[PDB]
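With the hints as your guide, set chain X with the ligand onto chain A.
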Amino acid sequence: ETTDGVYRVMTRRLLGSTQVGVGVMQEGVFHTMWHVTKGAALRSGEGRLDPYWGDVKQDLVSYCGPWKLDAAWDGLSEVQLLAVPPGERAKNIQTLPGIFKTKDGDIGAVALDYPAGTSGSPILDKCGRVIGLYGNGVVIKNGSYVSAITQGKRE
Amino acid sequence: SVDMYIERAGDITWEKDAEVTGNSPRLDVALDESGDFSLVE
Ligand SMILES: N=C(N)N[C@@H]1CCCCNC(=O)[C@H](Cc2cccc(CN)c2)NC(=O)[C@H](CCCCN)NC(=O)Cc2cccc(c2)CNC(=O)CNC1=O
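Protein sequence lines correspond, in order, to chains A and X.
Mapping of the first sequence onto the working numbering: position 57 corresponds to residue 57, and the numbering continues sequentially without gaps.
For the working numbering, add 1000 to where a residue sits in the second sequence, where the first one is 1.
To be clear, the hints were calculated from the coordinates, so they are not data collected in a lab.
Accuracy of the hints is not assured; some may be wrong.
[Said to hold, decoys possible] Think about it this way: if two alpha-carbon atoms lie no more than 30 Å apart in a straight line, the pair counts; the simulated DSS-like pairs of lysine-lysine are:
id	chain 1	residue 1	chain 2	residue 2
1	X	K1016	A	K68
2	A	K126	A	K91
3	X	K1016	A	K126
4	A	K101	A	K141
5	A	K153	A	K103
6	A	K68	A	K153
7	A	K153	A	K126
8	A	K101	A	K126
9	A	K91	X	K1016
10	X	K1016	A	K153
11	A	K91	A	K57
12	A	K153	A	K38
Here chain X stands alone, though its shape is the one from the complex:
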């Protein structure tokens, strides 16, 4: 069987003076019963 395991990777902390980036898209989407989002076109 597959060994699925976890390992610690850091503390959860907001970073002051952080690199801010990315746009803010306004999208029409649907969510199906399998948890999958899709664009409404």
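So that you can see chain A by itself, here it is in the shape it has in the complex:
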């Protein structure tokens, strides 16, 4: 129920399902963006995953244990979004990040535009390590999208 990999986050009531996001299972912990689950518990098969750590400002939440993803964008190299869009199989998109310049420093950012339910898809370095999650971003003047490469702290 916690096998390593990328997962869709789905909701259903009485009718069909909706994909609200995506996340990463690593080292027994499930990692997604806070806005996907709002910190609610997750079903995994017959099991229940409870939120362990989260932070609204970083827009991140981990389940079953503390945040495990610690790889960082090197500030130089191309990256891959492993996009898991609603209704489509996972696909890798390579890009050279831009930069969100903030008063607290620079954050890598990817100019790649996918449906809202792609939120939580992992962004990878060339070793396949997850350097952050896709889906907290901004809309620029022409209506296109730029996502921060959002990474947590592994304590």
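Relative to the frame of chain A, chain X with the ligand by itself:
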């Protein structure tokens, strides 16, 4: 209540010889205490 659940969707693997794309924008942004980014204009 709403059934929020997960389902496996793949292995996490860098793809060699991948489609490379998108630009590299240099944006001035602010981050508020609700986790929302906005453009500084
Ligand atoms: N608008 C374009 N071109 N592309 C986006 C791509 C979305 C990728 C996944 N991320 C999200 O859904 C988050 C949710 C979200 C929303 C609010 C707060 C948080 C948590 N801090 C998270 N979202 C975003 O970051 C952005 C910027 C957020 C700025 C702070 N509030 N929010 C939007 O894009 C809204 C939007 C604006 C204009 C048109 C459309 C949607 C219509 N597009 C779609 O209906 C599918 N595409 C789209 O929605």
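Exercise. Do the alpha carbons of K153 (chain A) and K38 (chain A) lie within 30 Å of each other, as the hint requires?
Worked result: Holds: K153 (chain A) and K38 (chain A) sit about 19 Å apart, inside 30 Å.
Exercise. Given the proposed pairing of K91 (chain A) with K1016 (chain X), does the C-alpha separation stay at or below 30 Å?
Worked result: holds, 12 Å
Exercise. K91 (chain A) and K57 (chain A): Cα distance at most 30 Å?
Worked result: Given pair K91 (chain A), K57 (chain A) holds - Cα atoms ~28 Å apart, limit 30 Å.
Problem set entry | Hint consistency between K1016 (chain X) and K126 (chain A) [alpha-carbon to alpha-carbon, up to 30 Å] | Given that 30 Å is the threshold and the Cα spacing comes to 9 Å, the pair holds.
Exercise. For the pair supplied as a hint, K153 (chain A) and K103 (chain A), is the alpha-carbon distance within the 30 Å limit?
Worked result: This hinted pair holds, its Cα atoms lying about 19 Å apart.
Exercise. Taking only the CA atoms, is the gap from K1016 (chain X) to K68 (chain A) under or equal to 30 Å?
Worked result: holds, 25 Å
Exercise. Are the Cα positions of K1016 (chain X) and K153 (chain A) separated by 30 Å at most?
Worked result: With a Cα-Cα distance of about 28 Å, the restraint between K1016 (chain X) and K153 (chain A) holds, given a limit of 30 Å.
Exercise. Is the straight-line distance between the alpha-carbon of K126 (chain A) and that of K91 (chain A) 30 Å or less?
Worked result: Answer holds: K126 (chain A) to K91 (chain A) is near 15 Å, not above 30 Å.
Exercise. Within a Cα-Cα threshold of 30 Å, do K101 (chain A) and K141 (chain A) meet the stated pairing?
Worked result: Given pair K101 (chain A), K141 (chain A) holds - Cα atoms ~17 Å apart, limit 30 Å.
Problem set entry | Distance restraint between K153 (chain A) and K126 (chain A), which requires alpha-carbon spacing of 30 Å or less | This hinted pair holds, its Cα atoms lying about 20 Å apart.
For this session: For the pair supplied as a hint, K68 (chain A) and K153 (chain A), confirm whether the alpha-carbon distance does not exceed 30 Å.
Result: Given pair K68 (chain A), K153 (chain A) holds - Cα atoms ~8 Å apart, limit 30 Å.
For this session: Mind checking the alpha carbons of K101 (chain A) and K126 (chain A) for me, to see if they're no more than 30 Å apart?
Result: holds, 24 Å
Checked against the numbered hints listed earlier, the structure breaks none of them; every hint is satisfied.
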